Amino acid sequence: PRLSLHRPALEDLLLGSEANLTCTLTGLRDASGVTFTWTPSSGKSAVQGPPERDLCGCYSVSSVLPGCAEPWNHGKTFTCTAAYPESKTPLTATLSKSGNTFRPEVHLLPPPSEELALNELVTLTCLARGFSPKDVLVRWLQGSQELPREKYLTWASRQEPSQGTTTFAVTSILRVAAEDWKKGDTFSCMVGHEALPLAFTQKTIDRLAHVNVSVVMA
Amino acid sequence: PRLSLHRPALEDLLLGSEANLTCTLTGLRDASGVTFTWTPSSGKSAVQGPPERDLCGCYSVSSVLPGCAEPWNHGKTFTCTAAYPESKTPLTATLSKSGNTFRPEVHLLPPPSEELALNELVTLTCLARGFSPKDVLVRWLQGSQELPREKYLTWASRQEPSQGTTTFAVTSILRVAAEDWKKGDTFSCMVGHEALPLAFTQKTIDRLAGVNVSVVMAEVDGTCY
Amino acid sequence: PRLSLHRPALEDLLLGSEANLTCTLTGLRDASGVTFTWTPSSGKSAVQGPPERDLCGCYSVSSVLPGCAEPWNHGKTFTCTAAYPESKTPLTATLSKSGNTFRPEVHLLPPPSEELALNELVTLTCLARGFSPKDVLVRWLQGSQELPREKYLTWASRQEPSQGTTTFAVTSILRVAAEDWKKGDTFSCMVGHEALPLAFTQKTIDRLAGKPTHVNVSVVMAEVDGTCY
Amino acid sequence: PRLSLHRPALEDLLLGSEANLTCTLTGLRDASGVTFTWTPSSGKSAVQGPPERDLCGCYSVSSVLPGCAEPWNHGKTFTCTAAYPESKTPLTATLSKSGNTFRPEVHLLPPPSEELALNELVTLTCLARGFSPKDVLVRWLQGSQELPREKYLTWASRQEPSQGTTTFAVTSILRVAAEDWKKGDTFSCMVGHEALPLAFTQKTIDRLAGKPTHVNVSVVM
Amino acid sequence: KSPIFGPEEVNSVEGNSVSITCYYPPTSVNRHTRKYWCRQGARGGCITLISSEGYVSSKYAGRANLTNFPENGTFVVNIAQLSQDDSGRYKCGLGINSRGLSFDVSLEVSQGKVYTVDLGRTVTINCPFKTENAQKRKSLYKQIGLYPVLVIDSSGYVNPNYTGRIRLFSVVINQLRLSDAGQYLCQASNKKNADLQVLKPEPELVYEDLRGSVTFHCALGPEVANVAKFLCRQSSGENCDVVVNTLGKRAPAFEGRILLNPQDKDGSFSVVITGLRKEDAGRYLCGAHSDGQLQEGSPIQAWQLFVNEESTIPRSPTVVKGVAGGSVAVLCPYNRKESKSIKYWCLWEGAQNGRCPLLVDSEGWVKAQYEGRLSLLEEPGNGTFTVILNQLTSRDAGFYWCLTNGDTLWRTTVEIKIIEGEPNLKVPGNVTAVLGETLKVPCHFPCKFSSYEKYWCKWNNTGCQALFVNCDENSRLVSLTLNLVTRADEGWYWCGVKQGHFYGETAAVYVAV
Amino acid sequence: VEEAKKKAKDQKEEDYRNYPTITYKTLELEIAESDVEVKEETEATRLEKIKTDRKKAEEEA
Amino acid sequence: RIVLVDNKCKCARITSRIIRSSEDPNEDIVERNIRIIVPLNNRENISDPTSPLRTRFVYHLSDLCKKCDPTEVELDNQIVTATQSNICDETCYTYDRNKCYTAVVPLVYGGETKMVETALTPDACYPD
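Protein chains in written order, with the working numbering: chain A, 1 to 218; chain B, 1 to 225; chain C, 1 to 229; chain D, 1 to 221; chain E, 1 to 513; chain F, 1 to 61; chain G, 1 to 128.
These are calculated hints, taken from the structure and not from any lab test.
Using N, Cα and C, we set each Cβ at its ideal position, and we do this for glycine too.
One or more hints might be untrue.
[Unchecked claim] Using C-beta positions, here's what the derived DEER-type ranges look like: (1) C/114 to E/311: 42 to 52 Å; (2) C/76 to D/83: 51 to 61 Å; (3) E/42 to G/117: 43 to 53 Å; (4) D/195 to E/311: 50 to 60 Å; (5) F/28 to G/128: 41 to 51 Å; (6) E/393 to F/28: 28 to 38 Å; (7) G/117 to E/393: 16 to 26 Å.
For reference, chain A alone in the conformation it holds in the complex:
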């Protein structure tokens, strides 16, 4: 019977439109009887759709406020207030933007040097280190073509061990062909956070970023 005012995603906050806040109410018993109220009525189009996707014999109501990113980047505290008929005190919860926001530090690491003599594929790595809100968005580019999200594997954003503040980390790997690397294409990781001016840090690597033997024979 709990209440969660889940924040917008980071996708539509950078590119798209429907920056919807998701006030989910999970674990109520009978059938219905909900009432959802919010504080900034700026396009209030109340949808609920109470599904069976609830994991128990107690349903959910996933309320949505649509079209709000202009109030979100400002920082007005959005407050979701749900009246459910099994009590009279409403489930009230609030959330806003985060206070400390550090910015990512993209590092596009090259292929490891033993992968190139196998001639199968090569492995580009994109570490993104030290951001203070948790949400991040990694994209990859070849030339200037955005690659679709089933060609690269992206791990989660976990907390790193720090004796500074609460900072995080992300890794994304792209295995690309050996001939496309060996010819000399340019591959770019693009890490997007809400704590950047241009909202997309981008790094780029190609094949081009000394043996010197001396035979002292006899």
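Starting from the known structure of chain A, arrange chains B, C, D, E, F and G on it as the hints suggest.
Positioned in the frame of chain A, the structure of chains B, C, D, E, F and G alone reads:
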């Protein structure tokens, strides 16, 4: 009223000796006196577990069958059957080893050249890529002494986009202070996996890897017996 | 008249495992009542019967104790306690296995170039140097056909002047035909000496494996490597 | 009680100006007033010696003849005669110079490469092969200074297994330091015989001799 | 030379499939390392197209797999749905793509009345016509160089290249050379076309070890089953150095190693060569011609051999010597993975085709004229067994073969030679006894054998067993004592020495009550 | 039959102590077994045809 | 051409060939191809991955042509086993492909310190 069968944890198989399978019976709001049956009765009697209340009740008995280091490795199929009063038909499950077992590729990646031109804290990466059962261990060595697990960060084992079969990958990150990296000692990644020969493989990076060699060829003529 | 107990030979002790100890008594004037007791008599016998292979005014009486190489190679003293009817004090001459040994360093040396230019017969040299007891065997081979002893010369195992411990050296010379060399027949030299663990050392040389006239070294720098396929 | 007569020493004949024909006995115990006589007496007398007893007597009265190097080369036969009172009949000994000599083919030989990888000493071999009278000399020079006889080893002159005329051989050996070899000064084996007009064959070796091999280093990446 | 081996030359047509087998030494390194199938493009760079670590290239996605058979010691690559761009040069191999351990395959697919016949056989050509040609000139014509030149014309006239060969509906032509593969036209005033395609038969791939043995099973037809078969090798050019022949030839280097087995009820025989060297790897054409040589028109059958020098077969003494009166104790190896078998021993007799009749086997059958002078120990076990043969004369000098009854072929030969000398162990000749009272036999032995273990064994047909026996150690003498001689204590006795397991010289005496 | 059933055994042993390196049946064991199976008759006429013709292929060879 | 050496610890592969001259009387050619591989990433102690990275590479001909296996030989009646070597017990520049190289590190597993063995060249360290 469901039953799951949990394969043994990997750090019991590789490092230690014994490794018990686990049979979990989640949905049970009754029955402090039920019984499990484990079909590989190789003498060592299987051990019932606690009541262990899960979410909203459901006293979840589990069964820990020890000694599963000889049948599980050679490939013997384990079976757990569980009787409980809510249905006369007892709930069953089975498991064994995987038979595909591709080897991992460990790669140890040196820091980028724009983190060591700060002298603050450099960041080394360890990529275990392309193994078929999804279970690994990634450990770190400063020279020859193992760092604690609360110094580094390791992500969960994740499934790759397909270039053939189903394969998995895990990465890890070690932030070492820059005066260690400059003074010239080595840090090692150590990946443990079932598919490996002696249960652990190890790569090592240091400051000089990532060149003035002096090949000297004495006595190029002269007698060679 | 002095009593002297000699050593087993090495062509016996290595190729044949016999340790016949040859106790001689030289300088006896007239008599014949010589007795040869041996305090390690493990049931074996003796020999007597003095001839005149002496090159002196008096002649020697021998006594050869048969044996096989398992008492001697383990360290066991043999004591030719000999009595004789001139003086009532009998003579003694003892022996044991000579310890503090050094193994040879065999070296095989190719023909010099003036013989390969004069193109008649070439001369291969075998030098065994640095071994501590005097006795050593040098055999020669051609392929594996062991050459007969009447084709090569072998000098005595003299003492070499070195600064440390006293050590010895021996050489041998084999003169083979020039097309036998230039075709590439492998000649071997075998030096067998009792300080070596397997008691024999071979060396083998030919025209290929000694002193070329065109080398070309290839130094394959290989970056991520380290297996030698 | 035999009569032995010696040839002159080869070292005494090459460099020196005297060469003694010497007549010794082995086993007399008498003759404190018995002299020697030689038909090659060119005015110069025979210098007698002490009797020089061996074990249990066995005297060896030495009649030494100095100066006589020059008749030996041109083929005069020397006959020693002693008339001693052990038995009245005098004893003679006749000897000349054997003329069918052969010249020493001298081969100096480098160190083995197994030995100058260890850099402690190297070992130089001097093989003098194929000469018909059995007396010979070997001398070892470093650059041009002669080394003393306690630095090299000389084997005896063995008879060689040969198809035609009987020949001889002698090898010698010198162990020098490896830094003395690698810095490169020469060494030499100087073999002396009597079949030579120069009286001394001399072979030289150093670190760079013997038609050196052509090397073609190449680097593949 | 890289020890990998597979097909030098593969062919197909479009739409088809191939399966390419590459063979490697089965050590424990080769069977766990990665196997690749790369493509040798120009300028340098063999790009991996499939691998044994999961990687399947985007070109070969869904239409290839690489499956690895370690016990066989090989791996195979199945390529489906070919096309004319799947031609060119490829490599199979083990390990990193640039460091050798590879075989260069050259796969050339091609574009798709077709008479496909094998070499040397015969062809039926069905020539129908129009029935206004009842009694005309029922013939063939060949278009040599695109010009109709006569072959066989209805009356016996055959061009003399084809004489004694072709006859006359359908026609039939025997003994197909490679100059019969043109475009024929039958003609009775109308013309019919049919193209003959004589096929060279493909080599099998024999992958043997060094110093091993190879069995060539030459199953030609039963209609050629009376003709004198042969086993050519193929030179660098065009000829034949015939190894064996059924007409009484044998190659002068294959003396003691070759064996042509007798035929079957349908022609299929086998040749067995042992002790393979490095110059034996080549192309071997077994055929059947009455000349005893590869002429033209004989139905060949070819294998392609590879003598792997990374050989698991141990370097044994290939010549044993024993004196005239002495003994030999040869050691014959076999495969450690199969212990329990019957184990044979041959004397290679040439002179008919190269047979090899058994002297002894392990289950206890010793030949008739080798009673008391032959024994087959199973000592030392795990991959060796001794064969002791004593009382040698110069009628024992020859080659002897160490067979097994196992699925593996380590069928080595070993030559026994008779040199001048005298034996070490010195026993009396053929002693006798008197019933009741005792019998003592002396066996001297020289100083070399003074550390060894001595025995006396009564020779059964199933092998010795060491017995009473004293061993005097001062005087070199080991002595038998049969205390109260009965009837069942007779037959041969052997006094030889041994060292734990490695038996040595033995000498024989027979007792006569 | 008893003379024939021991003629398979007198043959099969001789195709075993004379050709130890073999897997097929060298035609005399196949004659001897068919002369056991008769004691059908037309199925053994081939093996006497093959052998005799191979022995008429010995009169020239 | 014949193969004199196939060292797999220095990765040296000396092969040789007498190129004869049927037109020159005593001027023949004796080739001596040597084929060093320089590993360029291997350590100094190759069995211990803490050691410094090796930069000097010394190849003596006598330390790689050596035959440290005993032989058997025949002398006029008998067989004797000789030790045809003069120098045996080296350091190794490259791993051997057929050989198993291992390193023992102390990992913990909680309340202990289990000295586990890791594989430095897997695909060559498989048991049976």
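Against the structure, the hints come out as follows:
Between residue 114 of chain C and residue 311 of chain E the C-beta distance comes to about 44 Å, which sits within the given range of 42 to 52 Å. At roughly 59 Å, the beta carbons of residue 76 of chain C and residue 83 of chain D sit within the given window of 51 to 61 Å. For residue 42 of chain E and residue 117 of chain G, the hinted distance range of 43 to 53 Å is satisfied, since their beta carbons lie about 46 Å from each other. For residue 195 of chain D paired with residue 311 of chain E, a C-beta distance near 58 Å keeps the hint of 50 to 60 Å intact.
A hinted range of 41 to 51 Å for the beta carbons of residue 28 of chain F and residue 128 of chain G is consistent with their spacing of about 46 Å. At about 33 Å, the CB distance of residue 393 of chain E to residue 28 of chain F agrees with the hint of 28 to 38 Å. The given range of 16 to 26 Å is broken by residue 117 of chain G and residue 393 of chain E, whose C-beta atoms sit roughly 60 Å from each other.
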